[PDB]
Amino acid sequence: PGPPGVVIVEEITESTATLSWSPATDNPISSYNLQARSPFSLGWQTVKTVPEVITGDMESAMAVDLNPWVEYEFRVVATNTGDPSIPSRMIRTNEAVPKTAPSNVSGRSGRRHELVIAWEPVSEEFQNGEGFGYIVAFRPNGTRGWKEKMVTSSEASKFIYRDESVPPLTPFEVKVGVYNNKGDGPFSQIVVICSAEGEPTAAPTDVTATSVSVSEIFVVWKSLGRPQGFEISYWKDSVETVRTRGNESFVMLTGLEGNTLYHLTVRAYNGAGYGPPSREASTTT
Amino acid sequence: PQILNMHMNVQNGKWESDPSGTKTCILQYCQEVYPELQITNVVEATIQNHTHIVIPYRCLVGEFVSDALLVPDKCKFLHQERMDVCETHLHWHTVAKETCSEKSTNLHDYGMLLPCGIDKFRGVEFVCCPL
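Residue numbers (full-length UniProt numbering), protein chains in the order written: chain A, 670 to 696, 699 to 751, 755 to 896, 901 to 915, 921 to 968; chain B, 32 to 34, 41 to 62, 69 to 88, 93 to 96, 108 to 189.
Take these hints with a grain of salt, some might be off.
27 Å max Cα-Cα, derived DSS-like pairs, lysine-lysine [as the list claims (entries may be wrong)]: (1) A/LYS856 / B/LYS161; (2) B/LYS134 / A/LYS856; (3) B/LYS134 / A/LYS832; (4) B/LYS132 / A/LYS773; (5) A/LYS832 / A/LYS849; (6) B/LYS60 / A/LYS821.
Pulled from the structure, derived: some chain A residues nowhere near chain B, Cβ distances all over 12 Å [unchecked claim]: (7) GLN716; (8) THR726; (9) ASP728; (10) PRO761; (11) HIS787; (12) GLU804; (13) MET824; (14) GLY851; (15) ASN854; (16) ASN855; (17) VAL894; (18) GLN906; (19) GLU931.
Worth flagging that the hints you see were computed from the coordinates, not collected in a lab. Beta carbons: idealized from backbone N, C-alpha and C, even for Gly.
Go ahead and model the full structure; you've got the sequences and the hints to work with.
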């Protein structure tokens with residue numbers, strides 16, 4: 670069969686677009704099929720219509736189950755299956771309240787009095803309107819009331835709250851909701867994230883370095903900021924830094940020069956930063 | 032940082054008089076009082096040294123960060139915003155208070171949103187609490 674002429678979108682709602690088209694050429700047509708495309712669609716995709724089956728005598732239909740505030744583009748296909759029609763003009767569905775809360779509400783590393791809350795941003799496909807934003811609600815675990823913060827950036831993925839009265843590693847119940855111009859949306863499920871844990875504050879003590887071979891030296895050492907690992911700097915008399928195999932209390936320097944005096948310092952680190960250096964140890968291969 | 042005229046000593050926590058001793062009865072004064080800070084805007088919130111009850115102007119530093127409002131239990135967190143308007147702080151305070159009155163509640167706390175000028179904003183956040 671021939672292709673339809675072009676799609677004319679007559680009425681637009683939040684999830685519904687009433688559209689018509691000029692009929693295709695019968696070379699007896701069984702049905703017309705409707706497809707739409709959005710910046711979030713993986714190409715052209717079929718749409719649900721009213722009526723469920725668009726018979727051959729019908730030149731119009733009502734596309735349903737569309738997403739609010741999403742740009743769309745329609746085309747018709749005839750089947751007795756022929757070529758699709760010319761794509762319609764770019765329309766956009768009407769605004770609606772948001773129905774999708776952000777996922778992966780979690781925490782991040784921060785400073786000693788920061789509560790770093792993070793979340794996966796919501797794409798425009800599920801913002802459902804202009805003026806989209808987030809509502810970050812948090813409270814100490816077990817308390818009643820909430821502290822709420824409005825994040826007006828639609829692309830924002832985290833928020834940092836600074837409170838000098840909140841001690842480090844304090845658990846907080848956290849919700850992250852959504853809103854737009856037409857009204858508020860739902861909140862995410864309550865998650866519990868701890869605050870702060872700043873940079874490691876204590877330096878390693880009893881740093882003992884001992885020569886093992888002509889090119890190897892074994893080092894061993896022993901708070902407020904939890905250590906995620908230790909970085910060890912060693913110089914001869921050429922600065923070189925090395926790290927541990929996780930949160931361990933030792934390293935083995937390799938590839939050193941024979942019968943050579945080396946100096947050494949150790950310091951811990953985590954996601955927030957580094958700690959203070961240790962006392963300078965030294966041995967000779 | 033907030034503001041003869043008197044200002045808040047951010048290092049001690051007390052109120053000091055005008056540095057030159059001449060300025061009496069806003070954004071430019073915030074910047075001259077705190078030259079080490081980047082004062083970008085001002086917004087409305093008892094001082095002796108003879109007592110006087112005044113509502114000080116907060117010298118907003120750097121980019122605007124909306125205030126974190128406290129929502130006690132059994133209260134509601136509400137907010138209004140219009141990208142096609144730009145009103146004053148007194149307007150949004152009255153809007154927030156009248157909105158709680160329409161719902162037969164009281165205005166417990168409020169804050170400004172989306173600045174659009176010197177002490178003028180495009181939105182408001184507030185908390186209505188039951189009677």
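Hints versus structure:
With a C-alpha separation of about 19 Å, the suggested pairing of A/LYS856 with B/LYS161 holds against the 27 Å cut-off. Restraint check: the Cα-Cα separation between B/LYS134 and A/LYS856 comes to about 18 Å, which is no more than 27 Å; the hinted pair holds. Among the hinted pairs, B/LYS134 with A/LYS832 is consistent with the structure: their alpha-carbon atoms are about 24 Å apart, no more than 27 Å. Proximity of B/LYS132 to A/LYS773 is assessed by CA-CA distance (about 24 Å); at most 27 Å being required, the pair is judged to hold.
A threshold of 27 Å between alpha carbons decides the hint, and for A/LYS832 with A/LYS849 the separation of about 12 Å falls inside it, so the pair holds. Only pairs whose Cα atoms come within 27 Å are accepted, and B/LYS60 paired with A/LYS821 is rejected, the gap being roughly 39 Å. Every C-beta of chain B lies more than 12 Å from that of A/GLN716, the closest at about 32 Å, which supports listing it as non-interface. Every CB of chain B lies more than 12 Å from the CB of A/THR726, the least distance being 45 Å, so the non-interface label holds.
Once the 12 Å rule is applied to beta carbons, A/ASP728 is consistent with being away from chain B; the minimum gap is 46 Å. The Cβ of A/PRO761 lies farther than 12 Å from every Cβ of chain B, with a closest approach of about 31 Å, so its non-interface assignment holds. For A/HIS787, the condition that its CB be more than 12 Å from all CB atoms of chain B holds, with the nearest at approximately 14 Å. Separation of A/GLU804 from chain B is inadequate, the least Cβ-Cβ distance of about 8 Å not exceeding the 12 Å criterion.
Not every beta carbon of chain B lies more than 12 Å from that of A/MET824, the smallest distance being close to 5 Å; the non-interface claim is violated. Separation of A/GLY851 from chain B is inadequate, the least Cβ-Cβ distance of about 9 Å not exceeding the 12 Å criterion. Consistency note on A/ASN854: stated as away from chain B, yet its beta-carbon is not over 12 Å from all of that chain's, at 10 Å minimum. The claim that A/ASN855 is not at the interface with chain B is violated, since a C-beta of that chain comes within 12 Å of its own (minimum 7 Å).
Residue-level check passed: A/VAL894 sits 45 Å from the nearest beta carbon of chain B, beyond 12 Å. No Cβ of chain B comes within 12 Å of the Cβ of A/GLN906; the nearest lies about 29 Å off, and the non-interface call holds. Non-interface status of A/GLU931 relative to chain B is upheld: no Cβ of that chain comes within 12 Å, the nearest being about 40 Å off.
Of the numbered hints stated above, those contradicted by the structure are hints 6, 12, 13, 14, 15, 16, listed in ascending order.
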